[PDB]
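First up is the structure itself, then whatever we jot down about it.
Below, a portion of the complex is reproduced, with chain positions unchanged.
Labels run A and B following the written order; every chain starts at residue 1.
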Amino acid sequence: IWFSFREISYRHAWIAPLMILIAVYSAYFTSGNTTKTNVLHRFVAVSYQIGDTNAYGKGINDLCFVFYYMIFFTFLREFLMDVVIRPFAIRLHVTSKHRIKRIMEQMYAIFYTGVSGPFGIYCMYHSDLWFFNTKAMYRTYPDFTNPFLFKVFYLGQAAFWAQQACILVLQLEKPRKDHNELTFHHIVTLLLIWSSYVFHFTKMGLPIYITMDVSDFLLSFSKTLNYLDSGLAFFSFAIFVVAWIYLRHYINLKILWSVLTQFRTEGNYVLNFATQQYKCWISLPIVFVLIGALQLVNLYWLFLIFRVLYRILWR
Amino acid sequence: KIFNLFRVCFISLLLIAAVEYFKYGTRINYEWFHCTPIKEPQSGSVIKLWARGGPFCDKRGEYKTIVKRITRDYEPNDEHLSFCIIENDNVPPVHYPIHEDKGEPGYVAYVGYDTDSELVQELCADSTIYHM
């Protein structure tokens, strides 16, 4: 009878992550105490709560929590994808393999991205950054703490993107035309997450993450609606291209100009190595070149989009 | 497949560990980034230590580099040491200007071997003479 279990496992690949994570949750919840004195508290909840105010430090329990949510997102990917999306697409009368699978991962993209984008916008709304107030980037710099929602979001994004990266490394069967710059994008995204976390400034990271999410949301929506019978995919793509320029390139130039001038056209760049205050001619070039890589790749994607627009409206 | 994943994951985790250790270590021992120990010998084996640094490296850099230099340079098991550390009280903890004058020096310490121990006893005015 265990052969039927193997068959289910191969057809449905989410049972093992589900089983392990529900074991962790059951053991933690039924433990009686939900305080930090546990270790499952280390693996499930954010650590380093400053006293009992709303502020959190860093450490290694962050990596532990990242690994646990690495498992949770793998489970969610498999379970959601198969169980909900696949029958849903089958009902949508579009019958192929290439198109149906592409739609599969585009609709999964829509789901998590619509979860994340508005959540991040909520996080930014409850901040001094309101609508990308780039002056707060130069408020407290060596801030060794972030608010609860801010950090849980942060690490949620870290865990998710690293999980897509590792699935990419696993090299399942067939990337697709557009893979090399894609893995460049994911690698530099993970480097941006980890660097902008471990160098104490996440205020400068959050706006870019918002831009990425709300761009990819509309991209995936328009792509999957084009893959389905369109009706109005052209207007959706128009909304997408306007939002794409307006948010991605406008906001990224806004951030880059602001960082370069505001943090450079000053006299405040000196080391003072205890207070980790190396917001100077050292950390700047690093994060600057990372952001430049992102923006450069965004321009390349823009050129591709412009080519698509010209080709479509040329015929 | 799997082995490539383990290779790249191990490289990533090694890089993370490398940068975190960089953070921790350089935060602990920063004094040889901003304070420079200038030594001036006296008549015999006894020398004058002080820390000549930037505005940032305050009396922490000074004191830590002096103690480290004393316990580093002079091996005891041949002949025991004797030193004194006299504090500059006319100065606030963080006191250097960025331009290369740096004015007054803060901590300053004398250290030598017991053969000319009388010299260090005389040279240290009243502060406790630490024979180690």
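Brief remarks follow.
Following the convention adopted for this analysis, contacts are C-beta pairs under 8 Å (C-beta built on N, C-alpha and C of every residue); 3 or more make two chains touch, one makes a residue touch a chain.
Expressed with the labels used for the displayed chains, the entire complex holds A x2, B x2.
In this section, only the chains that are shown with their structure count from here on.
A separation of 45 Å divides the Cα centre of chain A from that of chain B.
Across the interface of their complex, chain A is touched by residues 1-2, 4-5, 8-9, 16, 19-20, 23, 26-27, 30, 33-34, 55-56, 60, 98 of chain B.
Those residues of chain A lying in contact with chain B across their complex are 63, 166, 169-171, 194, 198, 270-274, 276.
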